[PDB]
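**Q** Below are the chains, spelled out letter by letter.
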Amino acid sequence: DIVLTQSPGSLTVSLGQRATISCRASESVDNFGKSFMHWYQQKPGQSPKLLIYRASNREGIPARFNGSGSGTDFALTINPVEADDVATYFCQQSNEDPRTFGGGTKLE
Amino acid sequence: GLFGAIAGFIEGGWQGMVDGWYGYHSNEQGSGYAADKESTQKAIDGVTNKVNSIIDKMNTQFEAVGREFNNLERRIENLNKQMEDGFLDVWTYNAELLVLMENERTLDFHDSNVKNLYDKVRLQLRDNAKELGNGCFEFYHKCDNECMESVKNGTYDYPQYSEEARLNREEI
Amino acid sequence: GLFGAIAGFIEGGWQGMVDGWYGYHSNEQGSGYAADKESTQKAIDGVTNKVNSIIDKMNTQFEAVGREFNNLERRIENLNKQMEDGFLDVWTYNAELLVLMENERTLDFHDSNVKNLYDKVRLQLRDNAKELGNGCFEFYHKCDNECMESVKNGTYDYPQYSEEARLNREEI
Amino acid sequence: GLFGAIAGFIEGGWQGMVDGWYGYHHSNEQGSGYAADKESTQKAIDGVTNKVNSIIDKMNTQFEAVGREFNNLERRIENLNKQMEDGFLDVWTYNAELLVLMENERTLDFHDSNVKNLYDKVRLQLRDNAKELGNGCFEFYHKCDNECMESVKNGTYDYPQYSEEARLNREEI
Amino acid sequence: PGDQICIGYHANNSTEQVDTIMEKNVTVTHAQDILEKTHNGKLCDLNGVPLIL
Ligand SMILES: *[C@@H]1O[C@H](CO)[C@@H](O)[C@H](O)[C@H]1NC(C)=O
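Residue numbers (the entry's author numbering), protein chains in the order written: chain L, 1 to 27, 27A to 27D, 28 to 55, 57 to 105; chain B, 1 to 24, 26 to 173; chain D, 1 to 24, 26 to 173; chain I, 1 to 173; chain A, 9 to 55, 55A, 56, 58 to 61.
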């Protein structure tokens, strides 16, 4: 199992600023030269949504979302933060079964 | 083959020698097969480098690319096809021929390693042994296991056995 | 050549042997030439397969096609020309080189067949004959026509003549 | 090598022989010294020189790249043209590299063969008039003065002239 | 009657054949195949990344 640990657990950021959510993998999630990390957005009261695939590229997703990172640690950067960004954000790896997700980070 | 040894003056290989390609005895202490580690390793290195060299020389080979053309580009379509087939045919020839040529040299290479091994022993034994003419030398003296080992590792002391050999030649 | 036989230790070929490439006698019953059918047929098969293999490897060669272009297609006209000449030059090199390389191997192949034939006889005769050093072995015993035939077909009974040979060596 | 002579039964070359590739070292009462076999050396020189000249000759009809320009809507033939140029450049680079590798190997074995032939040239002359030491050297069963040494070197050894004194020296042994 | 030593070479139960200029189908003790002839008959993802129209 590749344990994924997101940090911080809850993040409150001022409107129009920068949210910076981190992910840390127990072992690397990074071969073939690409990172097999994914970011997901769960706006409250509905199913999760796909933001970033293989750690850097956006899926109809605004540029405000910066997927970054390589290897063992990554980061979803939301900047500028808008109103409709309240959600819990999840990182999940596909590098190696069993597919594992992060704890998740709630944004306020 | 080219050098007259493999399937030549040595008519047949030994199922019995299994720890190598080329090798060697029969005395009072008993008989048995043994591989010449040195000549075997040399051949292994040579063939392995050969195989690796063939695969290496082919890394800059042609790689076909998908290209599309319309009904009024039939000429360059055909040119493009001839170009692709052109290189595919060249490189297929190059791979096929290289394999055929180096195969032939490889078989003769083994033949040569064997003929050299036979000569290595022959040039040591000289008149201290008789050439049976089948890859075997019949000794004119007593060759114990340690003596057998000296012939096999190129440290035969010819003059040590010279006298007892000469005496045994002359009652014959 | 590579193997020291043809135009080597055997200095010259025989206009007299006409039924083959390689062959052999002179006794009391009389002298004459004879071809070694076996080694000759082997060489014929080898060279014939070689010739047929060379012609075979060339069936997927480039074939130039007429193509026309106008005054504003000078670039692809030239590209097309370079492509055609390009392959024509490659395949001309391939044919010329292949012929040069296999010619050299063929001459050395014959040299090797001869040197092997000489060794075939030598390894049979051993001390029952003297190496004159010109491709000829002078016998230490009487070799009638049937004996000559046994040397030629690899059935020489060395020990049968061993004693009369040994006796003739020692008054010398 | 292929023929067992160079770095084979003759284990090592001579820094001392400098006037040629292959030759002799003699040793008699008049004294010792190195000498090159002019004939076999010249043959090899001619062979290798023709080989080098043949390799350079076979390459005169090689591909020569030409500058050609294309615009933004000619990307296809631009690429075709590039593939064609690289295509031939890669073929001819293979041809030059391989030819050199193959003929190098044959050249080393060619020298090996010239040596083994030279040794055999002497051996077939001396026969039982000398003993094969097995290291490229023949120990004579008779007296070989400088003129005799010269006859072995130029292929005019008179075997029967020394036959008797050789045979007598073999038999007290 | 006398002690002897023999020079010889390996042989086995191999049926692998190989080709040369002068001879075809030469049974040999060891050979290496260098031509891949099988595929999975499927279109697949390439190193964790296709657009199928
Ligand atoms: C080589 O063997 C194969 C089958 O094992 C067969 O396709 C063919 O007839 C053979 N050809 C020759 C020339 O031996």
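Source of the hints: derived by calculation from the structure; they are not laboratory data. Using N, Cα and C, we set each Cβ at its ideal position, and we do this for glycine too. Worth double-checking, as some hints may not be accurate.
Unchecked claim - Pulled a few chain L residues facing chain A out of the computed Cβ check, cut under 10 Å:
hint : residue
1    : 30
2    : 36
3    : 38
4    : 40
5    : 50
6    : 91
7    : 98
Unchecked claim - Distance windows between CB atoms, simulated:
hint : chain 1 : residue 1 : chain 2 : residue 2 : range
8    : L       : 46        : A       : 55        : 19 to 27 Å
9    : I       : 18        : D       : 31        : 52 to 60 Å
10   : D       : 75        : I       : 49        : 40 to 48 Å
11   : A       : 55        : I       : 49        : 47 to 55 Å
12   : B       : 154       : D       : 135       : 51 to 59 Å
**Q** Could you run down the list of hints and mark each one as holding or not?
**A** Hints, verified against the model:
1. Because the closest C-beta pair between residue 30 of chain L and chain A is about 6 Å apart, less than 10 Å, the hint holds.
2. This hint is violated: residue 36 of chain L has a C-beta 18 Å from the nearest C-beta of chain A, more than the 10 Å allowed.
3. Hint status for residue 38 of chain L: violated, given a least beta-carbon distance of 24 Å to chain A, over 10 Å.
4. The closest approach between the C-beta of residue 40 of chain L and any C-beta of chain A is roughly 32 Å, which is over the 10 Å cut-off, so the hint fails.
5. Here the hint on residue 50 of chain L is kept, as its CB sits about 7 Å from the closest CB of chain A, short of 10 Å.
6. At a threshold of 10 Å, the smallest CB-CB gap from residue 91 of chain L to chain A is about 8 Å, leaving the interface hint in force.
7. Interface hint status for residue 98 of chain L: violated, as the beta-carbon distance to the closest one in chain A is roughly 18 Å, over 10 Å.
8. Roughly 20 Å separates the CB atoms of residue 46 of chain L and residue 55 of chain A, a value that falls within the hinted 19 to 27 Å.
9. Between residue 18 of chain I and residue 31 of chain D the Cβ separation comes to about 54 Å, which falls inside the hinted range of 52 to 60 Å.
10. Judged by the Cβ atoms, the range 40 to 48 Å given for residue 75 of chain D and residue 49 of chain I holds: they are separated by roughly 45 Å.
11. At roughly 53 Å, the beta carbons of residue 55 of chain A and residue 49 of chain I sit within the given window of 47 to 55 Å.
12. Range check, residue 154 of chain B to residue 135 of chain D: Cβ separation about 38 Å, and the 51 to 59 Å hint is violated.
Violated hints, listed in ascending order, are 2, 3, 4, 7 and 12; each of the other numbered hints is respected by the structure.
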